[PDB]
Amino acid sequence: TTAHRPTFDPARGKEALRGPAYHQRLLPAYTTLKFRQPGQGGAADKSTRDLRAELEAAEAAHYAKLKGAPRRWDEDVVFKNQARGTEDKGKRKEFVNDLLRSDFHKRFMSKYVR
Amino acid sequence: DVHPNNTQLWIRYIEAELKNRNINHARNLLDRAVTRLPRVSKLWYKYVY
Amino acid sequence: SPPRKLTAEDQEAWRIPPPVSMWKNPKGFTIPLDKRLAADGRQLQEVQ
Amino acid sequence: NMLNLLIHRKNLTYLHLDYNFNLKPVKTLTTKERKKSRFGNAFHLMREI
Amino acid sequence: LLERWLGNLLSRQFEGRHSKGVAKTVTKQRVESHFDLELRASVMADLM
Amino acid sequence: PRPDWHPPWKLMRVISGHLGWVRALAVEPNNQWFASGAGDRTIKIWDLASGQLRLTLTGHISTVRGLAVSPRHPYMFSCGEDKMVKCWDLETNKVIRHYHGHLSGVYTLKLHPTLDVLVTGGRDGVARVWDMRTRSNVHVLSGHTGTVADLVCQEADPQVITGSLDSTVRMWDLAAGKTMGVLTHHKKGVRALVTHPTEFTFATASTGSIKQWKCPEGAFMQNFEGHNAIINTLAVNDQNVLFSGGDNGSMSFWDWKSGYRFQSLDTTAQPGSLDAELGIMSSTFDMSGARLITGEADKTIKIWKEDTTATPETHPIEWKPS
RNA sequence: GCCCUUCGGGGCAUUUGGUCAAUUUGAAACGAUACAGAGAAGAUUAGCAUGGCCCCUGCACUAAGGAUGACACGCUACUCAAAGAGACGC
RNA sequence: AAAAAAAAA
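Chains as they are written, first to last, in the working numbering: chain A, 1 to 114; chain B, 1001 to 1049; chain C, 2001 to 2048; chain D, 3001 to 3049; chain E, 4001 to 4048; chain F, 5001 to 5322.
Straight line, CA to CA, 35 Å or less: simulated DSBU-like cross-link-like pairs of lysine-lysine:
1. F/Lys5305 <-> A/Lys67
2. F/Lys5305 <-> F/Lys5214
3. F/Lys5178 <-> A/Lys34
4. E/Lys4028 <-> D/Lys3035
Among the chain A residues that face chain F by a calculated CB cut under 10 Å, a handful are:
5. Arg12
6. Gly13
7. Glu94
Keep in mind the hints are simulated off the structure, nothing from the lab.
We treat Cβ as the ideally placed atom computed from N, Cα and C, and that holds for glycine.
With the sequences and hints as input, model every part of the structure.
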């Protein structure tokens, strides 16, 4: 059947109706605009090269901060030392762009599907 | 109005008014067509033909 | 700007296959079993 | 009289609003009559006030 | 509240229902259908 | 025209952290932090120097397709594919206003630079002009026959220029809410617009063609040619740098006056991304212009910096006059 | 009608309002009647949308419902040819 | 301390 259909021509916006007002639609709320006070920044433009210098100084400061520069009881046991290198996970937390193979999905699906 | 830059619709409307000997109507249509769509070779060919 | 000079190679390069669904058939069509099994890559997968 | 005029303007005369403000159908309603008659919270809250 | 409600009731009574004036929000019963609407529009724009 | 020498741009920092494509990007006037809205329905506030995540804000139920931090007010505006345009009070980190009325998903959002007006563009094919204070839709700029994919506000006529996916670009007189001109030079959907900050010119980008125009006449000034991809974005510096980012992942840095492409790149995708997932979805220079923040379909914010090592001789202008 | 006057005169107050009450011929409607038989390629079926010269209930013109509210299911030349070979062709 | 949810000559 073709009762159930896609959209190939989505609905188009209309201008407002130029009619007499009787209907109530939007109750007033937050009718006062806040402005950036002195100290809240924004209302001060200095130049371009000063901004570039400040940006590069902040980047150099962050890189400086990151760098830091100013009978034995276990002898009949069949297998010994099976857990070397297992605790070494956590060298650097790494992002994989696959939500089916990310570590979050594996943790989630091992927690829940028991 | 719904399809302004459609060449098939333009040719259909021109030919529909040419089959009924409305020559002045069809020449107005062809001027409007090659004004609307100046880089469509089919409309220009149809007007010269 | 003046229209792009296409070739028949380009027209063939932009042919969209007719879609044969493995699930859906809203017109109740009878499709040949060759074409139904055309996009099933499972038979053409590798085993080793 | 206001609620009575509203009821009669909507052509719902098969609902009697009595003088103690009870709205009752005067007859057995069809499905379309029931669907058209269901009033709102504004009408009913005003009627109980 | 009640004068607002009665004014809107009388607005429907005397100037009619505006059936599709303002856009309905994407409530929870419309989430997946809306995602489909937007997804299909986006894929079509990339192909066109 | 002899082009100027511009240093080439290289990848500085890669910031993972969204779970959907980064479609929006907006820098504070004070250049301290920037705002990435993404397909994981969220707006993240990141510090610009360190790159660290400061905050995550969730108010949208669809992908965030637009952001703006107001230079006069302590507000941040957003729009999304959920038909919603919101005003966030950054003194509380909470949504305080709604701008309702778009019939379907909203693709772009700009603020008028001088006066307190918000213009948004949408897949209902229309650009709605809103008042910030009263949330009232003062104008419904209509006449496009397709999705309004990008939009710029300007301090003088034409105050609103909208580019749509039906390939036309309309310039709108804001006082009357009616168009003063249509530019039909583009063959396919005009996804990007940008305005030069010091010259009274602008640029529109469709697939393969980036055309540069003059205000208010809409006079065809020149044509950036060579980027044969779907152009999603456009970013001009103060030092005449046009950035064409392209949905296949292609990056082109042009000189604004001459049209000379002084750099061409392909961006790199994260570990795990498909080759289909290589593509630039958003871009903006910061307020200084020293950095270019791009957001890509491998769910990644990338920062691009100028190479200080390169000289005018190590990368000479290979421009051949005709 | 009052008030002033030098008895000649003058003053205060100033234009309301929707064919009339008049039920056929200026426009209200269901019921009721004969009926009817609730969508998704066998059967039974939960829905959520889409577009608007289709609406109804509702404060909701930023809910929800009305069979998933219904409508949808029809029609179908027209940007239009090219080579090759045949004909008690003409 | 209502709706779903009881059908178009």
